[PDB]
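Missing here: one protein chain of the complex. Every other protein chain is in place.
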Amino acid sequence: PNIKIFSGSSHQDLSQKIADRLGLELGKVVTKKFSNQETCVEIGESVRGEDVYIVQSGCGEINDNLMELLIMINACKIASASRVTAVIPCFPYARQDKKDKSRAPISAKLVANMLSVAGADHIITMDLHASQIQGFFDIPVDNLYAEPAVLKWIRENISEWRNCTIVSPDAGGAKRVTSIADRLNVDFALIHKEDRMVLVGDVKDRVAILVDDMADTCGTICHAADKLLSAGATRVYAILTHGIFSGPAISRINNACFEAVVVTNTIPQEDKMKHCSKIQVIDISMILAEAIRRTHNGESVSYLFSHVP
Amino acid sequence: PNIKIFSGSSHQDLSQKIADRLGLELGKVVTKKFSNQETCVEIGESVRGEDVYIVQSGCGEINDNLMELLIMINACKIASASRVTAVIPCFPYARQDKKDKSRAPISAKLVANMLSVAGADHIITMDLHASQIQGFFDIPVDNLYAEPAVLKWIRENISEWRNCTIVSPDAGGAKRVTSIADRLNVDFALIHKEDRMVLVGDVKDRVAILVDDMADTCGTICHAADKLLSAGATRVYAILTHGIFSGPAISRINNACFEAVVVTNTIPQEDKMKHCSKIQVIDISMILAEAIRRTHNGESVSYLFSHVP
Amino acid sequence: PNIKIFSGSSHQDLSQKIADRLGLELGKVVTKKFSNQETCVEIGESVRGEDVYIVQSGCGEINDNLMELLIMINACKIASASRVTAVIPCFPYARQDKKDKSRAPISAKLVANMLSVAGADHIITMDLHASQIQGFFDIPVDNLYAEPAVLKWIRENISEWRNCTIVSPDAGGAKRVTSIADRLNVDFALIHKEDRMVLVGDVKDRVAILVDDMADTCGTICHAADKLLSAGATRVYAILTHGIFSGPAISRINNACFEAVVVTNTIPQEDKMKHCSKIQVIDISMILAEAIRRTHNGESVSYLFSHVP
Amino acid sequence: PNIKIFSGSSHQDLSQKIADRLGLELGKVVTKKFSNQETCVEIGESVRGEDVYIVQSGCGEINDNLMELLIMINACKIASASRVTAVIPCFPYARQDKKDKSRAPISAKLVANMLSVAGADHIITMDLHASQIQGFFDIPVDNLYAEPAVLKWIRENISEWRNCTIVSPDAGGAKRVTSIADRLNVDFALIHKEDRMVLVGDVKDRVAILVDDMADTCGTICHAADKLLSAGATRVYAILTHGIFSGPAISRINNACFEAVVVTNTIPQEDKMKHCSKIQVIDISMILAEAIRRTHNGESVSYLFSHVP
Amino acid sequence: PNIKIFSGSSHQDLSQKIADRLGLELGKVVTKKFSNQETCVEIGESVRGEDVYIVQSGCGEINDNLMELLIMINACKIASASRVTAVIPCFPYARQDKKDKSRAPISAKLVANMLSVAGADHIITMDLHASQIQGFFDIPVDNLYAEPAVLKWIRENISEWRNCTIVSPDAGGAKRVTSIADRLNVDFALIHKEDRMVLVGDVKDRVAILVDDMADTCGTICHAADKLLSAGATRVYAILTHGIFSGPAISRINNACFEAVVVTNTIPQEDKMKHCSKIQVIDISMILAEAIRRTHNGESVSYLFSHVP
Partner (left out) sequence: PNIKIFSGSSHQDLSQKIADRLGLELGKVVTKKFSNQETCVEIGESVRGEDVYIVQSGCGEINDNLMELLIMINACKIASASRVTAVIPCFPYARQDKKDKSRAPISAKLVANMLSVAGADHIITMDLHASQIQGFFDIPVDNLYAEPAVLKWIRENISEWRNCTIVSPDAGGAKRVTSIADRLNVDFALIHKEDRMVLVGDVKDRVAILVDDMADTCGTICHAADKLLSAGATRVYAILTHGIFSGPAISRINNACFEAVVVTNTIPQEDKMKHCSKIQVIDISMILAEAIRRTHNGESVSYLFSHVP
């Protein structure tokens, strides 16, 4: 079986970058809409006996992109692909991972069930909002981390990184920032709201680096940055793997004191970058390409958790 | 267990009509979108031990509405509803019911699988594009027919119906028109394309009635009507259960010779009716309400196949 | 994994032809009946790690043959075959593919479920009565077409084929005849019953060729042929992939005006050919052998939809 | 939900007896064959919301009857029956319950899987060949025993039963005979083959009673009876729940020394009784009717293991 | 269907308390071990058609108790119980809810799968370690909260509760303490380790109340209490729903400065209470009994999230 990479319509540039890193052309697929807006999918080449990877991020018109992904998986499965892998850099509905007191769906579990029944044998994703989502599946799920690329960016872009501070915006994700601070051998200052915020960790005259899994409306990072600037930090950075930037996010970032808002390209960023000068993108296509290549070859994927390829 | 009717966002007016016919209020549900356009669903009342019916048609923004339906089903299922029934008047992706020579998905089967894995115990739908779709499910599926309401409309609106002709637009659905002609005791003239059309059945100086399951772009019925008017029919009617009317449909209908284009209200029609004077709507809410009531009470549903309630 | 071909008891000659075309011997299997008429199956050679193909058509004693097929699949699956494929040239219960108004089983879906639970990983079949049956499965289904062999027969056996007409007997299957007429570049005359029949398409002084998926009691083709001979066709042919010929079929064919009734050998025909001189058989063993070989080698199967091997 | 009893074609008289004991009429069902010998099933009354019991024994044309049962279950399940129970007095393929050294199917497990996928929620059967077959299902299985009726027959028909001996024909089923002997407070003599047979237990000048689950070819009981008559037993009886009597069974029984061969009516016996004067039938319709009634009412079924109703 | 409560061997006193609150006797069940230490289960009364609740906490010999629970569920399911509910006050393997960088099982998901395949239709549990565990199931899961009982205890046992502080021991569970502080209208001071600890929130001359889901080795609460006593808190309390208290826990509690260590009785505490004077128990049997009663009657369970019955 050979690797076949197919792109959904959500993130074409990322799929092309992945395909170039693998020395492959993107598989021929027609992904459009019928007149009544139903998804139309046509696999333009035989996938019989091949190892198929479908790249689609949970961004943009999320329900359309998710339906397209499921329809593509189904088309490849009934076309006798030997294995079908969904490469989902940003997992849709990941924030609906529990009920907790409300008569609400667990939408992430529903998405996992739909991916399974569509025929996915394997999932590759990056920085799941909650790693318990891996347990929503019965098929293997490789949850990659942007952390090696983030560490590389910090070392090559922040001159005072040895004295900086790594700040979690909410108490929930402080595990990520502790791992990053341990890797950099720095202090991890913490922030949480009580309309007021409380911060532990000396930030005065230092650089503070907010790290989080995603920025949707940027309410979380803007409040944290306001707090940090209250406590005398010389500069504040925000680093996120998923740059969703919906709603009022671009205006809030423009009016905030961030030196830089760095995101990975798990979601296309060109349109947002046009309207916001302080957004910078870390390419993670090498990590995804290496994960695809290693799953195909039976090589260790977890080696990527700590190594930039 | 009591009947609880919940409406999705696709067809609120139909759900309200159904609820009024059952003497019930619509269940409290919040169905909206998060900032990043992910579906947000919140069941506003306990459904524990209840017989839940969720009304959502495959129309409008089809992928959003389908996701909303699946999320609502999941929310009701994990909220310990005794039974969950999807009331889907127009089944989405019904026209993708086979591959036939192409490397294509069977999207209708995927939709059936998704509805099943979401937790639906029962499906109620109207005039499935292909009744083989019933076999795509392992749960019971009640496929209702608009034919009794169509016959009622014909008898009360076409003065010359005893001399009229019932015409199938494509060879595929001529079964429907034969059943209708047998019920009315009239001739069924047939039409199919060879850019030219061929018609069997005397239509001269008579009324011809085109009957079909749906009109999407109205290419099918406009070509058939052109043929019929070539052969001297005094008036031509089109009657359809599903009035999708996407793309150039309204302009084609406006420029065509139809005396009337009658559709059921399985899909909301007010916006289309604003731009097209010859569209008339048959209310089928009584049929859906009776089906819901009979499934709840253990009464015969097939009795509705031949009786207007 | 190597190809292993096993024959059920239904069509031994077809299985042998397939095995010869693949350069293989039929696998050792004992398929008989216990005293109380329960099916007895004994796999006479190890199939561990092999790619197993079981050839059984839905003909003869259909329930016995279907049980035998399921039992063989189960025996091969629990004997650790790497993959089990049911090669079912004529799919049993294919005509019970829907309910449509009656309190009836969808027997084709039940058969698909039984094949799946027995352990079949893949289905190869020819000219399914309804291609929606492919959606009754969750495993891949390769639905082969007799059309290339039919076109070859027409070109090599009917001297006036460039002027002939391709006639559908019922409105349902006219898609097949349109494809054939497009391939031959001829007119497709159509027939359907109203005890009287209506025909469109000049057949006078021409050869008419009825094409259909199967002839069971031959009521369908005999009525169509009577109509065609009413309209002056010089000769009438019938061509079918599945020659079931049950009940009064042989007598009706003998008393009908067919120049020839051509069937494929998806069903054994020698006994019927003894009693009916106008039955001729097209061998489709090359198509089935090529499909088996291509699925085994990961080669394109759809290439066979348009090419005679 | 009300009880609905449907009969398959295998054992109509038993189904009628069961229905009379329940004070019910048999449900309207058409169970016949199409021209090509495919099973045709038509449920003649609504079963929506009802508790459906389908009576079909694994006898006669076993594969036809099994297919008919599965098709009926499927028809009732997709007709929205609240619960479907297969009442299978003699379970087909029960003797193929293991492989043991051979490359053979476990056909009983396949049958269980097929019954489950057809939609059966519950199985009622009598004297399974191996009670481990209950573990082949994931749905509940009530395995009834003919033993109370057998004990009643022994007490009312064998004058010397207090001095008799209960003999197992093969070592496998001696558990049944020990239970019977314990109930009667008598000795259980045992027999097994070494073309010679060995017997333990004084049988001289006594009545010996062979007890077994079934008599198929009667090779087992005729050999055992020959042995018993060698050792001076005044009379020999055979008692079996399942009287299959296939092959040479009737001739062997006619030429054997049995005083009586008693069977239950889990299988119709009239035709066999015509050709064999020493066959007598125990009616077990009361046990099956009580089991149906108790499962419907939520009453203890195991109470029937020791009580004649 | 009637309620039947069965106790596993893990927590007999809790099951008895639940049964008394429901006005029921515990169902007759034999739960012991064979000589080779395999679990032996015997249901001593018919459960046919009943609503069965099996009470077993994930404590003590956890693997034995989990096996016993699964075996009991299986026994009740194949005995035709109408519904089987696992009442698991402390969910076993809840802390293995993710992999996160290691080649480790997701044991909680495995436990959920095992409970589902054993036949559980419903799960009732209290204070799941991660509420995402609800998404590990496809059956409904009611995750009850000890918070109402905790609030009642605080108000009736701590005289200065209006001035107290609610402290989370680890950053992960601070959601619980924020909910509790909001209910009490007090400040929530937070603690996390950097062998040193950092605390935000004035605790000087006040009572601090540590709240957490469980105390296993009490390393978490003892370190937090040491920190709190460093910052001048007059008294420190610990309140936990699950008092596992394994390993060195009792000695650490005895040597720590806790005024009180309060636990619920989701786990039996008498043996631990013998060796530790500062352990007090909150009875939560009323909450579990109300949940059982409300699920049985189709009443709202979420009403218990905020109301002490």
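A few comments on the model shown:
Per-chain residue numbering starts at 1, and chain names A, B, C, D and E are given in the order in which the chains are listed.
Criterion: contacts are C-beta pairs under 8 Å (C-beta built on N, C-alpha and C of every residue); 3 or more make two chains touch, one makes a residue touch a chain.
Among A:110, A:117, A:301 or A:304, only A:301 touches the chain that is left out of the view.
Residue E:42 is the one among E:13, E:20, E:25 or E:42 that touches the chain not shown. Annotation: of D:64, D:68 or D:97, D:97 touches the absent chain (contact as defined above). In the complete assembly, the contact with the undisplayed chain comes from E:71, out of E:24, E:26 or E:71. Among the residues D:67, D:106, D:180 or D:289, only D:106 touches the chain that is left out of the figure.
Residue in contact with the omitted chain (choice from D:2, D:132, D:230 or D:255): D:132.
Listed by residue number, the positions of chain C touching the unshown chain are 1, 46, 48-50, 77-80, 82. Although one chain is not displayed, chain E still touches it through residues 35-39, 41-47, 59, 61-64, 66-67, 70-72, 74-75, 78-79, 92-93, 95-96, 99, 102-107, 109-110, 113-114, 116-118, 216-217, 244, 246-247. For chain A, the residues touching the absent chain in the complete assembly are 122, 134, 140-142, 294-295, 297-302.
Methods note: only the chains that are shown with their structure count from here on.
Repeated interface: D-E and one of C-D, B-D or A-E share more than half of their contact pairs by residue number, and that pair is B-D.
Judged by contacting C-beta pairs, the busier of the interfaces B-E and A-B is A-B.
Taking the mean of each chain's C-alpha atoms, the chain closest to the overall C-alpha centroid is B. For this pair, chain A with chain B, the centres built from the Cα atoms lie 40 Å apart. One finds 50 Å separating the Cα centroids of chain A and chain C. Chain B and chain C have Cα centroids separated by 35 Å. Each of residues 46, 78-79, 99, 103, 106, 109, 113 in chain A touches at least two other chains. Contact between chains, per the stated criterion, is found for A-B, A-C, A-E, B-C, B-D, B-E, C-D, D-E.
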